[PDB]
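Coming up is one lone chain in structure tokens, specifically the form deposited in one PDB entry.
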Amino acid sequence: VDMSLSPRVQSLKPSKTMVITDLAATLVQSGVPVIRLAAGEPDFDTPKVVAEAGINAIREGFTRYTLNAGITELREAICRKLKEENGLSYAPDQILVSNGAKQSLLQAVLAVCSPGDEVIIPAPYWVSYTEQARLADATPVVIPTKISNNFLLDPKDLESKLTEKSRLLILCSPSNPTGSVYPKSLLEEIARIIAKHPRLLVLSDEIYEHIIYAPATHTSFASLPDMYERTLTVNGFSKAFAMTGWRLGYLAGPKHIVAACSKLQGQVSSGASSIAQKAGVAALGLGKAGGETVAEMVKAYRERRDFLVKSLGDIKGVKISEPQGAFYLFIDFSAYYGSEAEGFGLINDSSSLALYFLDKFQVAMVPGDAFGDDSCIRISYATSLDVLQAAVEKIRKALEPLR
């Protein structure tokens, strides 16, 4: 039997996180507990009012197929949110609800990118952006950023990398993995560059929108001059509302593009969960920015961020870019590369450093090479201050003998 696979599924890169995940299990399966800082999800429960709506949907028998694009009441609520929070005007037929925002993103990429098109992706990047480009038979063009610039795209670098083939720029703000927030003035410079190239669209991943630390503010890319008709706005419920397991995300965009994504979704999964969609309606019903329910999570995230930064920031050889959003610190420990650790061996890149932290000191983190930047390691602070204080002590002890 011929077991050959399609070239596209073969083009998918190997996991750079697998080894951490596997070693953590291995360590636990022995006698060794592990501090987990690798997860890309909130540690909080889904808000009570949201869970209530989900339970209610089940009891009321709202358990049948929905419209492919999503239930009307949810798409209407999304339009109100985009208007109230982001100043954007969309009609319900410009919204597509999917099983999480990852699906919204994939479908956008597959709908707009033709083979050979180039997809511009600033690094450090969310792992899936490059792979989704590949599934479109498109070419990722990665643009590295610098920690001293808070990992923000340099517009001059963008201009340098544009070609006739450039089709899509993917912008994540607030960012996974850096927690950086793009300021409006920089977005306006980027937008002026995009406006000069008719073929160039922008995929704006805004999933962390409400996980933001005042006075930092979120600017939707679609609100910039002349950018509405070339922007695919992606957002959802996983991060702001601790609804990762529910699987609910969405895309708002130009009708011609949204129709194409909707057609694709009709072959991929049909409508998102009827139950999850009712919960999403309730989440949006919490009012602007999720109201006090979300504000409490954000206050906790801020305490955690502030503690982590002050704690790790005073370790020799550590560089930090202060995040203004999300719940990740993308930390430069590269000064330690070249070190030899007893009972482990050479630490000379993000992967070996992360594996050293876990194998020898029981703290699981994600190496920066997973995000296209080997100079750093991603730490998630979606865990309690108690876990964070414990992790900080382990990290200190781990770096101590490396000098």
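Definition used throughout: the rigid core is the maximal C-alpha set that superposes within 1.5 Å between two forms. Residues that one form lacks are left out of the comparison. Residue numbers count along the first chain shown, from 1. Compared with the form deposited in another entry:
- With the core fitted between these two forms, just one of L67, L27, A39, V49 shows a Cα displacement of at least 2 Å, namely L27.
- After fitting on the rigid core, stretches of 3+ residues whose CA atoms all move by 2 angstroms or more between these two forms lie at 21-23, 25-30.
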Given for the second form:
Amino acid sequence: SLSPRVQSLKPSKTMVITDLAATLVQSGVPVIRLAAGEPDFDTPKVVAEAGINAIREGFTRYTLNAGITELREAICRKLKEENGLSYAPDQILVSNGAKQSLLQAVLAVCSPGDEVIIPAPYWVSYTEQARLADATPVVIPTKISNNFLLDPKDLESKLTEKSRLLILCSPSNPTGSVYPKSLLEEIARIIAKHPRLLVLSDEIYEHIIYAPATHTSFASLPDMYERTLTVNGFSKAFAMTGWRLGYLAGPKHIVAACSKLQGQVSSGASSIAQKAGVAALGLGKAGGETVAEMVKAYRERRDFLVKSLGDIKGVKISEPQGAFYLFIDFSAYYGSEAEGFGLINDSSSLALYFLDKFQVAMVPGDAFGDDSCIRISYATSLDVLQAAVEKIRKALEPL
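Alternative state: the form deposited in another entry, after the form deposited in one PDB entry:
If you are looking for partners or other molecules, they are not here, because only the chain is given.
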């Protein structure tokens, strides 16, 4: 029975709480749902109508494996105009979500035994995708005091003959932290010394930024363009998670190998979702007021939760600059008598205590490589956040 690749990954830390509550264990109790990784917003009607018209017009046959020319051309424009990067259409690979885009990159560029350097807190799939490539993940913890930003000295110390891929997610899930250009520059100098090291830049949350923070894409840095794989998509910016559209832009030989890989995984991505993709790219640069209108809401929501929660004692909060996550340091509360949850010294037990006792579902930082925190998503109505703040405050002072 079953192969080692599947056996080697991985219990999962989400189901015990995140979806087990969204179950008859709700009955008859209601639950807030603060653990979803998707926008509360609908798909833009212009984007949605493009999909409806693609269905009507018969754009329902197989696509080119790499993607339709209009989308790969439109993505290239987006990359020059928004990120200041130059790519041709044969350097673009469109996949059914960015998750596939990231995985195919790892399988294309990593030989067995290669080391993939992953900063923690990390998106869950980065560790598992390296293992599916038979590569060795090397995790570098970071601290909240440094805004969960990688330290360049720590990157220097973990370099090896085997270091092949560095994964940078900015703005990042879960911490919602954003890399400054100067920090990425120190990183870049280091990488240029290493002959084999490549960088996977996860820019899926790019248009969700706030305030003085700026998204500066890695390939724009001096000498990095040839070493960088750029990954972006339509799920987070345009609230298109169900459509499954993502893309990779990078060196042509790497994209060509990723494309040959895709011809065997799933073939090309949805013909319907891709036509919606051109429409989404057609909304404009921000892309337009529609995303801007959404980013104003997240900005408002972020500020309510940073204020309320950061004033409870023993709770640490770094102001996030991007995305819609808050990685909250509920540690210090680890002793806790507390109640039915015995020890309450875990991110998982604590997250269990918020649910299954206070009806607030969150994701333990356990899921992301740092047990000091719990991830709270504020991509929900402002009315539910005040109620969630209300449940957290009653949960925590009884300790």
